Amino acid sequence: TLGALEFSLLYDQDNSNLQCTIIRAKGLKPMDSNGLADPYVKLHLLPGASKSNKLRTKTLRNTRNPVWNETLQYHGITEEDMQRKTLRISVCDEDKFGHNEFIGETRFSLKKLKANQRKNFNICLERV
(Lines of atoms letter the chains of each structure in order from A and count residues from 1; the text may use other names and numbers.)
(Lines give C-alpha, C1' and ligand atoms only; values in the text may rest on other atoms or scores of the structure.)
Protein backbone atom coordinates (compact mmCIF):
# COMPACT_ATOMS: atom_id res chain seq x y z
CA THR A 1 0.00 0.00 0.00
CA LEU A 2 3.17 2.11 0.48
CA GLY A 3 4.23 2.86 -3.08
CA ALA A 4 6.31 1.35 -5.90
CA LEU A 5 9.86 2.52 -6.64
CA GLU A 6 11.60 2.29 -9.96
CA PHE A 7 15.43 2.44 -10.05
CA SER A 8 18.44 1.17 -12.04
CA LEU A 9 21.98 0.13 -10.78
CA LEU A 10 25.18 -0.19 -12.76
CA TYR A 11 28.56 -1.01 -11.21
CA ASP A 12 31.17 0.48 -13.52
CA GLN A 13 33.89 -1.58 -12.00
CA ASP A 14 36.83 -0.35 -14.04
CA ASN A 15 36.12 3.17 -12.73
CA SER A 16 35.23 2.06 -9.17
CA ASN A 17 31.86 3.68 -9.65
CA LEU A 18 28.37 2.57 -8.52
CA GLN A 19 25.65 4.57 -10.40
CA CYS A 20 22.20 4.46 -8.82
CA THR A 21 19.50 6.02 -11.03
CA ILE A 22 16.50 6.83 -8.86
CA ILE A 23 13.67 6.98 -11.50
CA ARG A 24 10.18 7.49 -10.06
CA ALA A 25 7.79 6.38 -7.34
CA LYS A 26 4.15 5.54 -7.88
CA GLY A 27 1.28 5.78 -5.35
CA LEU A 28 3.25 6.85 -2.23
CA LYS A 29 0.99 6.54 0.83
CA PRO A 30 -0.51 9.71 2.50
CA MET A 31 0.82 9.71 6.11
CA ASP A 32 0.97 12.63 8.59
CA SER A 33 -1.94 15.04 8.04
CA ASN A 34 0.46 17.84 9.02
CA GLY A 35 3.18 16.52 6.67
CA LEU A 36 3.81 17.46 3.06
CA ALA A 37 3.76 15.24 -0.02
CA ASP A 38 7.37 16.39 -0.81
CA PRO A 39 9.21 13.14 -1.48
CA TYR A 40 12.93 12.47 -1.73
CA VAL A 41 15.10 9.31 -1.76
CA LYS A 42 17.99 8.58 0.64
CA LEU A 43 20.67 6.04 -0.24
CA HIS A 44 22.80 4.48 2.58
CA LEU A 45 25.53 1.86 2.04
CA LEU A 46 25.77 -0.49 5.05
CA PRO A 47 27.88 -1.03 6.94
CA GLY A 48 29.63 2.28 6.33
CA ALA A 49 31.59 5.29 7.64
CA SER A 50 28.39 7.24 8.08
CA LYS A 51 28.55 10.61 6.14
CA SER A 52 30.36 9.38 3.08
CA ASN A 53 27.92 6.43 2.80
CA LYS A 54 24.78 8.58 2.31
CA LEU A 55 23.45 10.28 -0.82
CA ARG A 56 20.06 12.07 -1.31
CA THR A 57 18.00 12.97 -4.37
CA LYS A 58 16.26 16.34 -4.97
CA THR A 59 13.05 16.88 -2.98
CA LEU A 60 10.03 17.18 -5.23
CA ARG A 61 6.86 19.15 -4.35
CA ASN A 62 3.26 18.15 -3.75
CA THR A 63 3.32 14.75 -5.41
CA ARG A 64 2.55 11.12 -4.57
CA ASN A 65 3.93 10.05 -7.97
CA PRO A 66 7.36 11.75 -8.12
CA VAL A 67 9.74 11.48 -11.08
CA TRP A 68 13.25 12.25 -9.85
CA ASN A 69 14.99 10.84 -12.96
CA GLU A 70 18.30 11.30 -11.12
CA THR A 71 21.62 9.44 -11.00
CA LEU A 72 23.50 9.37 -7.68
CA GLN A 73 27.10 8.04 -7.97
CA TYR A 74 29.19 6.49 -5.28
CA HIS A 75 32.83 6.85 -6.37
CA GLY A 76 35.69 4.80 -4.83
CA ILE A 77 33.51 1.68 -4.66
CA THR A 78 35.66 -1.44 -5.06
CA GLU A 79 35.08 -5.18 -5.26
CA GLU A 80 35.60 -5.30 -1.45
CA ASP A 81 32.69 -2.85 -0.99
CA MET A 82 30.52 -4.78 -3.45
CA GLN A 83 31.09 -7.97 -1.49
CA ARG A 84 30.48 -6.46 1.99
CA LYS A 85 27.75 -3.82 1.50
CA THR A 86 24.00 -3.51 1.22
CA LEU A 87 22.43 -0.50 -0.50
CA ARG A 88 19.43 0.75 1.54
CA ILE A 89 17.03 2.92 -0.42
CA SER A 90 14.54 4.88 1.71
CA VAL A 91 11.70 7.17 0.51
CA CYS A 92 10.82 10.05 2.86
CA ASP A 93 8.50 13.10 2.70
CA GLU A 94 10.09 16.40 3.89
CA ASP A 95 7.84 18.29 6.36
CA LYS A 96 7.20 22.04 6.86
CA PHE A 97 10.38 22.52 8.96
CA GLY A 98 12.77 20.38 7.03
CA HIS A 99 12.36 17.19 9.06
CA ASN A 100 10.94 14.14 7.48
CA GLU A 101 8.55 11.24 7.73
CA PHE A 102 9.79 7.87 6.55
CA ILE A 103 7.42 6.20 3.98
CA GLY A 104 9.19 2.94 3.10
CA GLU A 105 12.40 1.33 1.92
CA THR A 106 13.99 -1.41 -0.12
CA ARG A 107 17.45 -3.01 0.15
CA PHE A 108 19.74 -4.66 -2.31
CA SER A 109 22.87 -6.72 -1.37
CA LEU A 110 25.58 -5.46 -3.70
CA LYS A 111 27.04 -9.05 -3.91
CA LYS A 112 24.17 -9.78 -6.32
CA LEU A 113 25.19 -7.13 -8.87
CA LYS A 114 27.27 -8.19 -11.87
CA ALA A 115 30.03 -5.77 -12.84
CA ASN A 116 29.13 -3.69 -15.95
CA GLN A 117 25.67 -5.24 -16.24
CA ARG A 118 22.87 -2.76 -15.63
CA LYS A 119 20.07 -4.04 -13.39
CA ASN A 120 16.60 -2.49 -13.48
CA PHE A 121 14.14 -2.62 -10.60
CA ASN A 122 10.43 -1.92 -10.05
CA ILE A 123 9.73 -2.88 -6.41
CA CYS A 124 7.07 -2.25 -3.75
CA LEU A 125 8.29 -0.36 -0.68
CA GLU A 126 8.26 -1.93 2.75
CA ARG A 127 8.79 -0.85 6.25
CA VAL A 128 11.45 -2.84 8.07
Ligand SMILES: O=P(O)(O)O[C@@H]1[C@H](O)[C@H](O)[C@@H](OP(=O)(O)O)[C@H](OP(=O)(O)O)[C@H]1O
Given for the second form:
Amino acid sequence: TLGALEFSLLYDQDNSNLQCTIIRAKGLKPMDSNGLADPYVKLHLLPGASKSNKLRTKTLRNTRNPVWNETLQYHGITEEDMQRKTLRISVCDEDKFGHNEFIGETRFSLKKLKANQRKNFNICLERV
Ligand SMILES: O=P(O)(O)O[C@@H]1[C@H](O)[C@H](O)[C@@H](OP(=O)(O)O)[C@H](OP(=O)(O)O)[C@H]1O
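Same protein, different form: I have the form deposited without the named molecule, so give me the form deposited with the named molecule bound.
Whole complex next, starting from this chain.
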Protein backbone atom coordinates (compact mmCIF):
# COMPACT_ATOMS: atom_id res chain seq x y z
CA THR A 1 0.00 0.00 0.00
CA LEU A 2 3.05 2.24 -0.36
CA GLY A 3 2.07 2.98 -3.94
CA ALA A 4 2.88 1.89 -7.48
CA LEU A 5 5.46 3.51 -9.77
CA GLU A 6 5.45 3.64 -13.57
CA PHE A 7 8.69 4.11 -15.51
CA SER A 8 10.55 3.25 -18.71
CA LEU A 9 14.23 2.50 -19.34
CA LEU A 10 16.23 2.62 -22.58
CA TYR A 11 19.95 2.07 -23.01
CA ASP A 12 21.06 3.91 -26.13
CA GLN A 13 24.28 1.90 -26.16
CA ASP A 14 25.99 3.54 -29.15
CA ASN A 15 25.68 6.91 -27.41
CA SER A 16 26.57 5.63 -23.92
CA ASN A 17 23.24 6.99 -22.71
CA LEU A 18 20.82 5.51 -20.16
CA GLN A 19 17.41 7.18 -20.39
CA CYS A 20 15.13 6.81 -17.37
CA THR A 21 11.59 8.07 -17.90
CA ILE A 22 9.83 8.63 -14.59
CA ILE A 23 6.18 8.58 -15.61
CA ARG A 24 3.74 8.48 -12.69
CA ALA A 25 2.98 7.05 -9.27
CA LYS A 26 -0.40 5.99 -7.88
CA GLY A 27 -1.71 5.81 -4.33
CA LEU A 28 1.35 7.08 -2.47
CA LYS A 29 0.93 6.35 1.24
CA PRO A 30 0.32 9.27 3.61
CA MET A 31 2.99 9.22 6.33
CA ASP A 32 4.04 12.07 8.66
CA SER A 33 1.06 14.23 9.65
CA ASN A 34 3.41 17.24 9.65
CA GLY A 35 4.63 16.34 6.17
CA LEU A 36 3.46 17.44 2.74
CA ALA A 37 2.23 15.36 -0.18
CA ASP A 38 4.98 16.87 -2.33
CA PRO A 39 6.45 13.83 -4.09
CA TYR A 40 9.62 13.52 -6.15
CA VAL A 41 11.77 10.68 -7.43
CA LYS A 42 15.48 10.17 -6.87
CA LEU A 43 17.73 7.97 -9.01
CA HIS A 44 20.98 6.46 -7.74
CA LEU A 45 23.46 4.31 -9.69
CA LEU A 46 25.02 1.78 -7.31
CA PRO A 47 27.85 1.42 -6.60
CA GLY A 48 28.64 5.07 -7.28
CA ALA A 49 31.05 7.80 -6.18
CA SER A 50 28.12 9.76 -4.75
CA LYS A 51 27.15 13.15 -6.19
CA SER A 52 27.33 12.33 -9.92
CA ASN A 53 25.43 9.06 -9.45
CA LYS A 54 22.32 10.98 -8.42
CA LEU A 55 19.51 12.43 -10.50
CA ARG A 56 16.19 13.85 -9.34
CA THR A 57 12.78 14.70 -10.78
CA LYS A 58 10.80 17.87 -10.20
CA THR A 59 8.82 18.03 -6.98
CA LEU A 60 5.05 18.11 -7.45
CA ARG A 61 2.63 19.71 -4.99
CA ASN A 62 -0.22 18.27 -2.92
CA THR A 63 -0.79 14.95 -4.69
CA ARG A 64 -0.67 11.25 -3.90
CA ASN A 65 -0.92 10.39 -7.62
CA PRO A 66 1.85 12.47 -9.24
CA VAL A 67 2.55 12.56 -12.96
CA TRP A 68 6.13 13.69 -13.57
CA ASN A 69 6.29 12.57 -17.20
CA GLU A 70 10.00 13.32 -17.17
CA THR A 71 13.11 11.66 -18.62
CA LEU A 72 16.32 11.71 -16.61
CA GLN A 73 19.49 10.88 -18.54
CA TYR A 74 22.72 9.27 -17.39
CA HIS A 75 25.43 10.00 -19.95
CA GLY A 76 28.80 8.27 -20.14
CA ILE A 77 27.18 4.94 -19.24
CA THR A 78 29.21 2.02 -20.63
CA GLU A 79 28.75 -1.77 -20.81
CA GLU A 80 31.08 -2.09 -17.81
CA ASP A 81 28.54 0.07 -15.98
CA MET A 82 25.54 -1.89 -17.26
CA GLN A 83 27.14 -5.15 -16.08
CA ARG A 84 28.26 -3.87 -12.67
CA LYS A 85 25.61 -1.40 -11.50
CA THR A 86 22.10 -1.29 -10.08
CA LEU A 87 19.64 1.56 -10.53
CA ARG A 88 17.84 2.43 -7.30
CA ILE A 89 14.65 4.46 -7.69
CA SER A 90 13.23 6.00 -4.50
CA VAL A 91 10.08 8.04 -3.94
CA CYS A 92 10.07 10.74 -1.27
CA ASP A 93 7.86 13.57 -0.05
CA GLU A 94 9.52 16.97 0.41
CA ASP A 95 8.49 18.58 3.70
CA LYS A 96 7.91 22.18 4.79
CA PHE A 97 11.63 22.99 5.22
CA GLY A 98 13.01 21.20 2.16
CA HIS A 99 13.92 18.02 4.01
CA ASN A 100 11.97 14.86 3.21
CA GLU A 101 10.35 11.58 4.13
CA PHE A 102 11.19 8.36 2.32
CA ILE A 103 8.12 6.49 1.05
CA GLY A 104 9.51 3.51 -0.84
CA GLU A 105 11.76 2.23 -3.60
CA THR A 106 12.42 -0.26 -6.35
CA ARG A 107 15.69 -1.56 -7.78
CA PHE A 108 16.69 -2.91 -11.17
CA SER A 109 19.82 -4.78 -12.22
CA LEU A 110 21.08 -3.00 -15.33
CA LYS A 111 22.51 -6.22 -16.80
CA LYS A 112 18.90 -7.32 -17.38
CA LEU A 113 18.52 -4.54 -19.95
CA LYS A 114 19.11 -5.32 -23.61
CA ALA A 115 20.78 -2.54 -25.59
CA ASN A 116 18.37 -0.42 -27.66
CA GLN A 117 15.34 -2.30 -26.27
CA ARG A 118 12.98 -0.16 -24.19
CA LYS A 119 11.63 -1.78 -21.02
CA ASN A 120 8.42 -0.56 -19.40
CA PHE A 121 7.78 -0.96 -15.69
CA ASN A 122 4.75 -0.82 -13.44
CA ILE A 123 5.82 -1.92 -9.98
CA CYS A 124 4.81 -1.55 -6.34
CA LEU A 125 7.23 0.34 -4.11
CA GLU A 126 8.82 -1.47 -1.19
CA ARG A 127 10.83 -0.58 1.88
CA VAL A 128 14.12 -2.42 2.35
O1 LIG B 1 21.07 17.83 -5.45
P2 LIG B 1 19.66 17.41 -5.74
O3 LIG B 1 19.28 17.80 -7.15
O4 LIG B 1 18.73 18.11 -4.75
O5 LIG B 1 19.50 15.82 -5.54
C6 LIG B 1 19.47 15.34 -4.20
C7 LIG B 1 20.20 14.01 -4.04
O8 LIG B 1 19.64 13.04 -4.95
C9 LIG B 1 20.12 13.45 -2.62
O10 LIG B 1 20.56 12.11 -2.62
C11 LIG B 1 18.71 13.50 -2.02
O12 LIG B 1 18.75 13.30 -0.62
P13 LIG B 1 17.59 12.45 0.13
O14 LIG B 1 17.47 11.08 -0.50
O15 LIG B 1 17.95 12.29 1.59
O16 LIG B 1 16.24 13.13 0.06
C17 LIG B 1 18.08 14.85 -2.27
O18 LIG B 1 16.75 14.91 -1.72
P19 LIG B 1 16.29 16.28 -1.06
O20 LIG B 1 15.38 17.00 -2.02
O21 LIG B 1 15.55 15.99 0.23
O22 LIG B 1 17.48 17.16 -0.76
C23 LIG B 1 18.03 15.18 -3.73
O24 LIG B 1 17.29 16.39 -3.89
